[PDB]
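First the structure, then my questions, so here it is.
Not every chain of the complex is shown here; the ones you see sit where they belong.
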């Protein structure tokens, strides 16, 4: 499939929609529509915190949006309905740090 | 199966 780690995609949540960051690795993609992609939803209604780092409009979203890494979820690839953009590498590092904390990884 | 959880906390 076409969504790549670090991409901003619009996700259809069944109808509501939210931007989200693709966080699963590209080698998992086999090109079937029902295979799972792991994403971090983006919110424009919550304040920034160390676990909700900001995402810049340069990266494809609205002003004052944050990556809600505590809301990390696998979704079917078919739910990713529009490519919106891509994150700056430092934003991706802030998200990776938040996910490492949230999931108790080394 | 787990599809109904896709919208939790959002």
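We call the chains A and B, going by the order they appear; numbering starts again at 1 in every chain.
The rule is short, and it goes like this: a residue touches a chain if its C-beta (ideal position, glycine included) is under 8 Å from a C-beta of that chain, and two chains touch if they have at least 3 such contacts.
J.: Counting the whole structure file, what are the per-label copy numbers?
T.: Copy numbers over the entire complex come out as A x2, B x1.
Keep in mind that, in the parts below, only the chains that are shown with their structure count from here on.
J.: How many angstrom lie between the CA centroids of chain A and chain B, rounded to a whole number?
T.: The answer is 16 Å.
J.: Under the touch definition given earlier, write down the residues of chain A that touch chain B in their complex.
T.: 13-14, 16, 18, 41, 43, 68, 70-71, 73, 75-76, 79
J.: If we count contacts the way the header does, which residues on chain B are in touch with chain A in the complex?
T.: Listed in rising order, the residues are 3, 5-10.
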